[PDB]
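Just the one chain here, the form solved without (S)-mandelic acid nitrile (MNN), laid out as structure tokens.
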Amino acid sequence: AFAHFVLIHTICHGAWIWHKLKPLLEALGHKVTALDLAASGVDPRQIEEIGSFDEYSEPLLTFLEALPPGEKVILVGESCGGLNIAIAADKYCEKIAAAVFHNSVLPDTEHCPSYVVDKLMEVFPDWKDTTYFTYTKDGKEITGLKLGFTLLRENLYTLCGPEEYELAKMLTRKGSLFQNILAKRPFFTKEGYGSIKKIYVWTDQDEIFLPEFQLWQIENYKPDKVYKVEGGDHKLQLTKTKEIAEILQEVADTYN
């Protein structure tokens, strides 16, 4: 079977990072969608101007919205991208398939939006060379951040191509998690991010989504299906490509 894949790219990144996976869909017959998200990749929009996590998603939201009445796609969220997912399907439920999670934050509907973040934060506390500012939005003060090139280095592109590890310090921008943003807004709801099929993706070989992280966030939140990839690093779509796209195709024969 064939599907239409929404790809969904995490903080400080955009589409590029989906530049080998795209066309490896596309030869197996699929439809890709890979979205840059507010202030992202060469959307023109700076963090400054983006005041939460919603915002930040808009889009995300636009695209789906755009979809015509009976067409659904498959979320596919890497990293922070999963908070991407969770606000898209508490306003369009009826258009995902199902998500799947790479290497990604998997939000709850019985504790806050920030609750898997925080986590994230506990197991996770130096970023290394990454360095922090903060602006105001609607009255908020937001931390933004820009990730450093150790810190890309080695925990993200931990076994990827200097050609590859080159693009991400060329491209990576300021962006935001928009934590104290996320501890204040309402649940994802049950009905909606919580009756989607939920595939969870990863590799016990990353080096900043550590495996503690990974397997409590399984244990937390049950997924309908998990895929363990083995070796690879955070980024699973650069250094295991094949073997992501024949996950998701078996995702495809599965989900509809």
Contents of the next structure:
2 protein chains.
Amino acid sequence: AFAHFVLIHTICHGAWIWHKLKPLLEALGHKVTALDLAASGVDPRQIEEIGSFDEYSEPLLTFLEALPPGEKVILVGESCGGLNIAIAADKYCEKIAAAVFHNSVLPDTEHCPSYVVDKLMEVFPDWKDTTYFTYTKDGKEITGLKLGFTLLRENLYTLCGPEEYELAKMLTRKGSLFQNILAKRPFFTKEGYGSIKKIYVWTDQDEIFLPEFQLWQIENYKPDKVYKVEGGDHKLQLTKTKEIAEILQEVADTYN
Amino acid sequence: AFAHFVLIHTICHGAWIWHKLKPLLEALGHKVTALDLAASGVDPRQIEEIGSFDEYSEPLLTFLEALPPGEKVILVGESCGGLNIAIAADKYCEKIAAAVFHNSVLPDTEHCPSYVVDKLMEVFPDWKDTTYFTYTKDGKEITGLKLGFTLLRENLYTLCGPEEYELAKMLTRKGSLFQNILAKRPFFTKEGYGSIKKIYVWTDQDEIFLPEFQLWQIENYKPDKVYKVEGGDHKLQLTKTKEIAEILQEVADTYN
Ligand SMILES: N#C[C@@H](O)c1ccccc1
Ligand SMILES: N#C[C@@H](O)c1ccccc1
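Form solved without (S)-mandelic acid nitrile (MNN) done, so how does the form deposited with (S)-mandelic acid nitrile (MNN) bound look?
Below: every chain and molecule of the assembly, starting with the one above.
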């Protein structure tokens, strides 16, 4: 079967991270939309204009709003993209056939929205050469960050080719986790986000979202299905593109 | 010998086009700077804020200005990048060891700055699915454009892989040739631009900068050296990356 996959990049990244996976999925006959979230990729906004993870998710929400009645999509979010998925699911649950988490945070409905992010910071406290700054938006002090090149090389793109790592150095932009804002955000709902089918994909060779963290997330909020990809790194859509496409094809044949 | 190469992308593109060449040059021991020109790549400005090819060249001029006395670089410009080279050479000729044109326009000093662009439009009049728009800046009506996906696929990235073509579809932005502005711009000078060493690199398999055009440019303004790369396409830095690196190494060993 064919599906319409909506690929969602992580913070400081853009649609470009899916440049290998998108054409492969299309070669299987699927429709693919790879969005640039607010102040990401070639989006015209700067991060200082964004005051929350919800505002950051605008392009995704706007895209879902534009889907004609009856049309459903399969969301695929990498790393922090899981938060964009939860936000989107609480507004357009009827338009989501399923959500696929790709070495991604997996928010729940029993704890605050920042819950899994707070845990991640516990498991991976040292972001190496990553730099930080602060800006104010809507009366709140937000912590912005720019991923360090060494962190990118060693922990995020560990096994990626030099040409892929180069794209990261050239294209990654300042962003934010909006952690303190998430902490005060209303909880994700059981009727919306809680109701969607969730497929969790990961590799135990991820050098930033370590096994302890990912296995902790799986136990905390049981996915409907779990796929473990052998080898690769945090950016499975670059290092295990074929494997990810095969998994997504099965998801398309399972949920509609 | 080692050199400091400054890679200059063409209109509607960004530093990302050099994502394969940059690490290869560094593997040879060179220093490489791949800039995003105004309103290009991840530069924060939008094209409507830019009123001339000179303003568009700001990042390059600012970079050259920051070079300490005595430090020289080898400029490498692709496609329309040759115009940025000419503009830069008339301001920082002493900081340029040589300029390498990569399937690039080759401005001269005997004719108006728009001369070779006007000729290009004669040789390649149909830009297929490319779209156009107009905006006003500093009292002048500027024609903006967004490269069509079919033009990108068939004429610019003819032999590039699907993952490279995907990057182009995701990252190319609105831009402009500022043709009418170039037509009224003071001529490039003989003392500045005219004095720098010029190396012309091209392939007769280029599907947009056709042989008739490139051979016409070579006869119009004789380069100090001409390198013809066999095969490949308009984006030699993607399809013949190794060959381009070998040529640049020879240039580094020849001009300083
Ligand atoms: N890749 C990616 C980003 O989501 C990221 C960057 C740094 C730490 C955790 C996550
Ligand atoms: N590649 C590239 C651009 O410079 C370009 C795009 C369309 C026509 C001519 C040149």
